[PDB]
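The excerpt is restricted to a subset of chains, each kept in its original location.
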Amino acid sequence: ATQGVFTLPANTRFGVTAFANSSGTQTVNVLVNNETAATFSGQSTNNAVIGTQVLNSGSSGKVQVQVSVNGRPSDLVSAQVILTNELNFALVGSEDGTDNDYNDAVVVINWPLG
Amino acid sequence: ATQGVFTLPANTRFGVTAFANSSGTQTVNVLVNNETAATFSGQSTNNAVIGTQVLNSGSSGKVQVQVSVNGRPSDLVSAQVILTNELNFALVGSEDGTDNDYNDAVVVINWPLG
Amino acid sequence: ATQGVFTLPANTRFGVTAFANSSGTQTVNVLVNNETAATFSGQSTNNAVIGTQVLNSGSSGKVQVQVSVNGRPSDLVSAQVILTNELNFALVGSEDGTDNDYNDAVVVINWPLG
């Protein structure tokens, strides 16, 4: 199944935050309406926050997370959870290797803000 | 129901990251085995990361998040999600006022690391 | 925080299914747009499926679950999860006693159907 794609409400601010847990340098690209809107890179085995930014979901509300290591796409896992019918989290994990820890880049999207 | 309490595997590193979305300064306490292990304080209406840390779940695995604003406890909402039976997210929202956005402090716990 | 309230897409068929795990007789009310649309009842400590129904979310999309036992309202916990940005589950647990298992009536809402 497709993973790392989320439909947000249109024209809505959201937070995106990426963490790294791998010997491989992570590249996190965050696409809004199929164009890169934020990019984070880094290498950590201790959950560094390799980036955090506020973006706008724009007219389509389509948000996609892509994770690659030196140009090789990582395998993604994802889901969205809603608390008290108001508070939204879009969650991504990624695997750059063979151990299937799926934490090599971890991306958290949250909305609403403010 | 109790919210903001999570059972992690024992003796396991985890990440905790807090975001703020309120006119009020948020104070987040992260407890391990009922004792505060991290405190983050900050003020943002734009989802700023007010703190991030790596902690160890220790012998009990018990992790609790508490949020206060102007010396008063916020109401919490929480859940845990597991992706591909490997990647864990413990999610907390908090409400310090009357609008029930539950984003006033947002806390994300993730494990495993490395 | 409020629990057991979900916003579905308007005019959308959904499934609602109730499970019982308590010595107390469960009564589960399912409200659509603040009017009772389904009532299920039973008594099981082995997860009996006391009801399952297909309902339509109608113009408002508002669905609320309430649970009572021997005339007393149960405490609710809830969340919504979305898989592959398409498959939706709205989840409720309820507690009628002292043990905080929150399984006394369990309600799962799923959409889309067909």
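A, B and C label the chains in the order they appear, each numbered from 1.
By definition in this document, a contact is a pair of C-beta atoms (placed from the backbone, for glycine too) under 8 Å apart; a residue touches a chain by one contact, two chains touch by 3 or more.
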**Request:** Please report the number of identical subunits in the complete assembly described by this file, where 3 are shown.
**Result:** 4
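Here, only the chains that are shown with their structure count from here on.
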**Graph class of chain-chain contacts, one of line, ring, star, complete, other** = complete
**Complete:** Per the C-alpha centroid definition, the whole-Å distance linking chain A and chain C comes out as 31
**Message:** Taking the mean of the CA coordinates per chain, how far is chain B from chain C in Å?
**Reply:** 27
**Message:** Report the inter-centroid distance (CA atoms only) between chain A and chain B in whole Å.
**Reply:** 19
**Asked** Among the residues of chain B, which ones contact at least 2 other chains?
**Response** 77, 79, 81, 93, 100, 102
**Request:** Going by the contact rule at the top, pick out the chain A residues touching chain C in the complex.
**Result:** 1-3, 5-7, 78-85
**Message:** List the residues on chain C that touch chain B in their complex, please.
**Reply:** 1-3, 75-77, 79, 81, 93, 95, 100, 102
**Message:** Under the definition above, what is the set of chain A residues touching chain B in their complex?
**Reply:** 13, 15, 17, 19, 21, 45-47, 49, 52, 54, 77-79, 81, 83-84, 86-87, 89, 91, 93, 100-103, 106, 108, 110, 112-114
